[PDB]
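I have placed the structure first, in the form of structure tokens, so that the comments after it can refer back to it.
Apart from one protein chain that is not included, each protein chain of the complex appears where it belongs.
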Amino acid sequence: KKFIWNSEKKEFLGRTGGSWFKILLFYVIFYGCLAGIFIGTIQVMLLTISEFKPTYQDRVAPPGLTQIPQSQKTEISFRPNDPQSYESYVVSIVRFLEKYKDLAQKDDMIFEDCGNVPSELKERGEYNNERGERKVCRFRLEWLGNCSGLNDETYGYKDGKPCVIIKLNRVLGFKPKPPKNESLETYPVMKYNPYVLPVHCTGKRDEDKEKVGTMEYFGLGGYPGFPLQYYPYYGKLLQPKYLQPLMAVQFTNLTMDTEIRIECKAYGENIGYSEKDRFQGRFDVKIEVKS
Amino acid sequence: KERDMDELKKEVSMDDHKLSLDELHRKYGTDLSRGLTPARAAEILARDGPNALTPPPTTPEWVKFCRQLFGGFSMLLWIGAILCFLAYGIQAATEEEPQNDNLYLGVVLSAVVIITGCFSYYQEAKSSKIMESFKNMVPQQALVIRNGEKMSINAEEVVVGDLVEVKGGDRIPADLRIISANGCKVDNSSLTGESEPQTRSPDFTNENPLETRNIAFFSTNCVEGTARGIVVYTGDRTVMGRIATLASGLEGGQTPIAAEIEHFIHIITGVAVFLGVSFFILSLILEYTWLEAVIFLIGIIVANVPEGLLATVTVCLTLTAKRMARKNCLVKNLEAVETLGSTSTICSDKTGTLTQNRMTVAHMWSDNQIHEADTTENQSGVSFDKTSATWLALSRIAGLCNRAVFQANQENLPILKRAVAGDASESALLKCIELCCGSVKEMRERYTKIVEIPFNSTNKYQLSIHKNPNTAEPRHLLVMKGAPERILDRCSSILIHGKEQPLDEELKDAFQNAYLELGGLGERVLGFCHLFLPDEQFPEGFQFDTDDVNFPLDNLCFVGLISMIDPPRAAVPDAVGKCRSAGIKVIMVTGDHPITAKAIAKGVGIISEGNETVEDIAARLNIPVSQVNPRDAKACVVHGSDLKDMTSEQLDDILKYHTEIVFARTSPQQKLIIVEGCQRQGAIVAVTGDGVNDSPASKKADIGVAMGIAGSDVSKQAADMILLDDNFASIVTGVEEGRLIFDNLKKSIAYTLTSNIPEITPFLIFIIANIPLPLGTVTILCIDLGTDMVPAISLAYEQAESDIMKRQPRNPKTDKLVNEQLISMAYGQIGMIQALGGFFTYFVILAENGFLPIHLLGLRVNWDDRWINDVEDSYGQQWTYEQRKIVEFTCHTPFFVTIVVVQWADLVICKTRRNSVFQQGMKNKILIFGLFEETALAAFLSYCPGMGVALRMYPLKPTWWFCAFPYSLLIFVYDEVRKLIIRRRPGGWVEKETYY
Partner (left out) sequence: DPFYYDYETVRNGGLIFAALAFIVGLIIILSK
């Protein structure tokens, strides 16, 4: 009963040739109309959104806190001697900072020299297209001392006492608000509380906090945070080649051959946290410089 | 070697009955008037086993429970669950932080099969739980003569070769060889099917042990008189014993509904493996390795298996089975409820099934006029004219001169169903006078009987003289009854409206053609007469001692004849008409005499009025039967005497060219062969019987239909459906509900098969376009095992779109449950719109949150990564892992809601296969609740506090509930115009390709 393939009375795979053509033609027209309908409705959907602002922005309420060495498990395990052991790290750091070189930020028509001191926020009008392409404040690698250097094509970084810079999640129209001068026990920090978003790193328990001896922060003018003069963001369409602020963190006194956990928590009123997302506001890392 | 054992039972039985009295006693070593010594009796008792059929093969409850966990459909969910743990075995060992979705899925599939097994098992076991409440097996002791003395012992304590005596009313224990009888009439109804009480005489008569009268049979009752017999067969070796053992040892077959289940899976997996394999090849062509491609093969195939369809189908069958139980039409099998709808040939039994198996007064003769009496079991028919002197005289002759009365407890029972002691003929006469002529109690004691003359072995006449208490005439009233040929000789006067007339041939020949009318109708005719004795020649003190001529045998006044026969049940003829209207070929199968079988078939509808048999054509032309052409006779009678010498091909030819067939005098084994012959035609056969001869026919039949009270216990257990009310119209109700649930199952199947496309397409393009997951697993379970449960079940409550009792029976090889038309609509068109609607809501949510639909291409590579917490969207924003994963899960929840939205219209369109929604109408209240529950439950699964915590289903922004609205409306429009064109164009395009 399963050899209905053909017969002398015309059937193929179950039906005739004229029937195969009728069915195939119908399905082509039907699915063609279905495709045209889905495309027309998806076009109306595209017409319900603008080019300068996402309609819903509540799912990114607390900005994240990422790092340069996008590790497979947020762990930094390498050998202070073997250059190939830490190649995966340095490669990502150089590729990340490749857009921050002095040669990359050379056009004066799209770049604006903000300043050597963190200042107040810079609002470039509204988010519409009435104004031209907004300017992006420059951020030279020199601001991150001891984690930038004037190295060649390969940024000879720190083998012993590594460097891990932190970055605030770029959010459109987001205005960072640092904590009030009434700081609720925020771990020794500079008095530049009004024009910089503070970020403080620490261990995770009584063990990690003891293994991590000394940490040195680097930023704009020497402040451990992000300057307010670089916010808010006006989208990729209006601000292409935008350079968000960076802040490096170096762990000088580490206990070699020991995996220790570090939590870099960014503080502020407009900075939320989440017990489910260990990256919202805070940031974790597992460093282990095994010799 | 049990094959040979079954072949020795399908053979017709043999005996050693035809032997001299001395030969039988020597072969058995038994005294004829004394039996045997009790020690000899106990010696055989502990030799071959007590006289009782071996209990049925007990069926332990764990066996049938594990039975419900297997089958054909549940087997598909089992291999699917195994593939889930197999896929999980490959996934766990190979990837990091594996997800608990596949393991969650494997255990859920296992739970689905288990719960379905428990629910279906509870229903099948409930049918048996009420069936065990019908075993009212009352122990019946037998009267055996041993050591020259009479003794009453249990039937099991009876052995072979000993004298056994039976009284009128006693049930024959084992098979006896009558040695001395005295007016003994036995009831061979429950065994061979002989309706009228067949008498038993010690003299050997026919070569067939069934027709001969020197044999008493197992499970047969002695109607009247007494008789003696030597036990020949005992226990299971008995006649009905070998029949019962044969029924238990016969195959049950494959139900038509189960065959549709098998053909259903043949396509479900055919496309599942086609999609899985073709996509497995595609995935390896792209970039996915063998490790991941194997999981893709399993995921695509496993998703294409409707998990919730097993439970919905089981409940869908259970609902119709519930209605069967409401009308006292129980089904021992949960799926046997469908078999009636697929039936195209019903093999019915005459005695007990079609007929009431009880002698009843059929017609009366008065004033040269036939008067039909009411013969309905419930007494709801036409009443004759009961206001004439001819009627009062005839009624008095019957009510008075008749050896029949009621019993003790027979006081509250109805006039017909109550018990009467005596001859079956005398019992019928009593039930008719007690119903149409007041009461026979006072009507009998009124005319005081002086001297009676019972029936005689020759010239069978029964007369008696009574006193006349009328306040006008003191003359004695003599009454007599007998065969018309035995009373015409003893009559000279004729009664008409009150006055007498001579035996003029102008009315006497008119009496002969009427006698030939009732006789030709297959009934038993009797003649009643009376006469006024001259009190001047026989004073009030003269005692008419029964010796010499005290009553004038001749010169009597004849009033009229009274015929009688077992009538068909009340709703039997109408039901036969409904089945033939439905296209079901009705075939009478019985062991009764052909003279009555042909007449009963004429009266129920198996034989149409006007059609002639092969014999009828010859008699109409006064020519031999061998000359007529059998093609000229649409109907034909088949005797068991000729069926024995037949081949399979000959029986096929009888069924092919004869539309109305009646099998008479067919042995129980021949009943089995007849059913096997109808099955060779490939048509679905249903057997409706009651006696033990119907056990081998009902068991092998696709569905056995037995009588709840008037049916023997053996054929009642071998059947698949029982009629506790014995209303044969339940067969018509069964065929109606069978075709009804079949088409409703098609609708429910297409509904669950439609949701499959939007359930798998997200995961398909997830592999192709490399976009984030459009729909999650847990969200799919909320559809197949949550919301859609109510619409699928509510689709069973759908009524008929047109008259189902007007269409012809479905061809098994043609009208399949699931064909390429249903799939062309569910998987091809309707489900396709549901899939695209889901993708619409998918792109809508992502684009409104900053992920343009064009930007989502190739994003799953970094999207599914857990540590890349800065993935650039379309506006330049950076999304963390949970920030974007929350969006993905809150994109699965509205996708699930999108499914419910398109399922609104999908439910309304699947509700009607051909009629418009305006024609059929939204009167299905369960379906209305199906929409309300499905919708409200869907909103609960998204807005309850903690859904995004347990089921990872986050709340929806209110604008998503309308992203899928036009898709449902479009589905409704396209399917509505489709069925509209099916209405105006019943030709081919919209009917052969889309209609299913």
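Order of writing sets the chain letters: A and B. Residues in each chain are counted from 1.
Quick note on the criterion: a residue touches a chain if its C-beta (ideal position, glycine included) is under 8 Å from a C-beta of that chain, and two chains touch if they have at least 3 such contacts.
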| item | value |
| --- | --- |
| Option from A:57, A:146 or A:274 whose C-beta touches the chain left out | A:57 |
| Omitted-chain contact residue, chosen from B:644, B:855 or B:957 | B:957 |
| Identified contact with the non-displayed chain, of B:90, B:939, B:980 or B:981 | B:939 |
| Touch residues of subunit A, complete complex, unshown partner | 56-58, 60-61, 173-174, 270 |
| Subunit B residues that touch the omitted chain in the full complex | 925-926, 928-929, 931-933, 935-937, 939-940, 942-945, 955-958 |
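Here, only the chains that are shown with their structure count from here on.
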| item | value |
| --- | --- |
| Of all residues in subunit B, those that touch subunit A in their complex | 820, 828-829, 832-833, 836, 839-840, 843-844, 847-850, 852-853, 867-870, 872-883, 886-887, 890, 957, 966, 970, 989, 993 |
| Residues of subunit A that touch subunit B when the two form their complex | 14, 22-23, 26-27, 30-31, 34, 37-38, 41-42, 45-46, 48-49, 53-57, 59-60, 63-64, 66, 70-74, 167, 169-172, 233, 235-237, 239, 242, 274, 276-277, 279-280 |
